[PDB]
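Let's start with one chain on its own, the form deposited in one PDB entry, as structure tokens.
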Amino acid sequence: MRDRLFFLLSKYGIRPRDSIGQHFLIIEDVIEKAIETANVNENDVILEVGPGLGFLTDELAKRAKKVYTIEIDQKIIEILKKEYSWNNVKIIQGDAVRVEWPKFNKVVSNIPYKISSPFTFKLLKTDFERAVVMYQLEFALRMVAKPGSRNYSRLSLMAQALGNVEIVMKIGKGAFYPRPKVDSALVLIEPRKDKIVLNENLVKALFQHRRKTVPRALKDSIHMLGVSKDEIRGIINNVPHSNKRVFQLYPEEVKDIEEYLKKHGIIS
């Protein structure tokens, strides 16, 4: 399967990456394991991103009703059309972060690592049942980080606010060409049944400097928006969870800051 990649790459005379965050999955058992973890059946409509040379895509097309696969490289698409004969796959040309997504109930995909963050935020705001995606292990660990831990960040918060996230297994670096410098991780995401929907400008504001207390953080980001300090100082000194640093906040605690600011005219 590494061999099949080498033969496809030479056949079309193409180099195995345009960019730095890109690694082809080349173990059949990790593919079949992503698919079994996702429970892909003949009724499911799947989104995939960065199909590469169609290894995962081919397996998804045997099992699902319909697959949409988003690919940025027009040269890769010409190869997927020549190399495969799928009735039920729709290749979409574009940056997966920018293009409109189709309706899908599931995602099964090895994410190019350069887009791990924007893809994840975009997905969490989507109506899906289940997603099984490959990331770097550090990024996956960031996604399951708990409030108050050192790697807890905007990503962690939103993942916990909107999803249930488990790392299914470590994936060895041996399993990609070219070999990454670190291991990847098979990650399951389901939407929370009881989502905590937070204002994105607020969260962005707060975690611009997640090391600050929540009063410092709110005062700085709202001054930056053009508002007098004196106009803001009182309202923000009565903000809930003021004894916390931003990186210690549960989604539930952000929600109360939001409703407090909403009530006091700041966010609208």
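So that the term is clear: the rigid core is the largest set of C-alpha atoms that superpose within 1.5 Å between two forms. Numbering follows the first chain given and starts at 1. Compared with the form deposited in another entry:
- Two rigid parts rotate against each other between the two forms, and the hinge linking them lies at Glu138 among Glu138, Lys33, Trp86, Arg211.
- Superposition of the larger rigid part on its C-alpha atoms leaves the smaller part rotated by 13 degrees between the two forms.
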Given for the second form:
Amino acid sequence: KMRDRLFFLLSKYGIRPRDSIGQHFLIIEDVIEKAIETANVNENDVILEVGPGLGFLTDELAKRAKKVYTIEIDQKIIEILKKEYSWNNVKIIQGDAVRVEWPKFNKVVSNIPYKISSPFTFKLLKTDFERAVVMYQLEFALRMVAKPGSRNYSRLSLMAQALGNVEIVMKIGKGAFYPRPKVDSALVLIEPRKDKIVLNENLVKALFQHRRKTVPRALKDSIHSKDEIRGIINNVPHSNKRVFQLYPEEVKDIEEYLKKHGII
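Having looked at the form deposited in one PDB entry, could you now put up the form deposited in another entry?
Below you will find a single chain and nothing else.
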């Protein structure tokens, strides 16, 4: 009946899905149910969806939340959402989710298009927010929940996990969308830590440039300074590890070491 509803709307509004903006519409009702459940949506919450699509998940958010802001790049979809839904509590915002100014919000419950998985996520992590539930292409969600010491551990993994408990909650097959995509998706929960770990971005970029290296060699080789600081390198914390083996905590030990020696 969500599948039936979808094909109803396709013909009705003569919709031509654009894969260039990742137009794969969700049509399994349980995935909406899970997302809502996981986000524990309530009558006080101000939600931020990206890419409302045919507005299925938006419709479910809107009837549970105080307010919903949703950011749609496709102006035609926006013309449809307005004519099909009667949302008293949804503000629709035309533009690129990455480019436009975000309004204030305490939870995210959205699909995240493939081509903005990385910018969106980094933008979200720079934000004050109580809970995110965001569906990603499966590789990217696997990267986000990679643990220190796996190959797919990277800057994203670190920067995410420094801010929140990051876990995959269900895996969603490609049969769950129309058009059918090339890849599976995952629903990811992000819970802000009380114990937030905040790290110098430039240092992280530096370390993770060649992340398969030792912390000392990675530092030696990442003078963004003065090369004449070999003295400090040998006493660097966590010198036995390689960068891809570091937790946010050990990265902070390295940061605080370099501040103490006025390298930052």
